[PDB]
Structures are given as C-alpha cells and as structure tokens.
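Asks: Residue-level listing of the chains:
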Amino acid sequence: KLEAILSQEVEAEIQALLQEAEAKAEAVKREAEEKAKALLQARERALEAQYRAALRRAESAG
Amino acid sequence: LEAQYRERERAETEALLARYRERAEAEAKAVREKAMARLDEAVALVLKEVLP
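Residue numbers (the deposited numbering), protein chains in the order written: chain G, 3 to 64; chain I, 69 to 120.
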C-alpha cells in the first residue's frame with residue numbers, strides 16, 4: 003500500500019521545486035561573481051591611469 | 069589595491085626626482101665650462117661698443 007509511499011510522490015515534486023531554486027541559488031551567485039569582479043576591473047583601470055598620470059607629471063616637474 | 073598603487077608611484081616619484089637632480093647640476097656644469105673657455109671673446113666683443 004501507499005501510505006508512507008503516498009508521501010514520497012509529493013517528496014519528489016517538492017524536491018523538483020527545491021532543486022529549481024538551487025538552480026537559481028547558483029544563477030544568483032554567477033551574476034554576483036560577475037558583479038564583484040567588474041567592480042575591481044574598474045578599480046584596476048582607474049588606478050593604472052592615476053599611476054600613468056603621477057609619473058608623467060613627475061617627469062615634466064623633473 | 070589603492071594602497072599599493074599609491075605606494076607604487078611614490079617609490080618611483082622620489083627615485084626619478086633624485087636622479088633628475090644629479091642630471092640638473094651636470095647640465096648646469098656643462099654650460100659653465102664651455103663659457104669660461106669662450107670668455108676672452110665675450111669680454112672683447114662687449115668692450116668695442118661701450119667707448120663711442
């Protein structure tokens with residue numbers, strides 16, 4: 003009989019759901035890694051500019 | 069990242085200045101020595117026009 007088994011047909015639909023949201027808990031983290039990363043690509047280029055600029059000034063001064 | 073970029077430029081922008089200082093006084097020296105051996109010539113040239 004299905005009684006205890008009756009409950010495993012739900013626990014399988016409500017396991018489908020919980021995996022679909024651990025396929026969103028991965029997507030969210032992808033976007034957030036690609037965000038955190040890009041905030042440091044902007045950090046890299048802007049500093050590089052300010053170091054190109056600081057030595058160029060100090061040459062014209064010299 | 070800021071911290072080691074600011075410390076990157078500083079440790080070059082003292083060295084560069086220090087070295088430019090060595091060159092400034094040698095390039096001052098490089099025009100003086102030419103001049104004092106082309107000296108009797110300026111003095112002569114000036115003089116011939118201050119006595120009319």
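Hints were generated in silico from the structure; no laboratory data involved.
Even for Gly, the Cβ is constructed at its ideal location relative to N, Cα and C.
Hints may be right or wrong, so weigh each one.
[Said to hold, decoys possible] Here's a subset of chain G near chain I, in silico, CB distances under 8 Å, partners left out:
| id | residue |
| --- | --- |
| 1 | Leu41 |
| 2 | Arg47 |
| 3 | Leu49 |
| 4 | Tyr53 |
| 5 | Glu61 |
Asks: Each hint: holds or not?
Replies: Evaluated hints:
Checking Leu41(G) against chain I: minimum C-beta separation of about 11 Å lies over 8 Å; hint violated. Among the interface hints, the one on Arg47(G) is violated; its C-beta lies about 11 Å from the nearest C-beta in chain I, farther than the 8 Å criterion. About 4 Å separates the beta-carbon of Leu49(G) from the nearest beta-carbon of chain I, less than 8 Å, and the hint is met. With its C-beta approaching chain I no nearer than about 5 Å, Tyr53(G) sits inside the 8 Å limit, and its interface hint holds.
Interface restraint check: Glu61(G) against chain I, minimum CB-CB distance 7 Å, threshold 8 Å, status holds.
Hints 1, 2, counting from the list given before, are not met by this structure.
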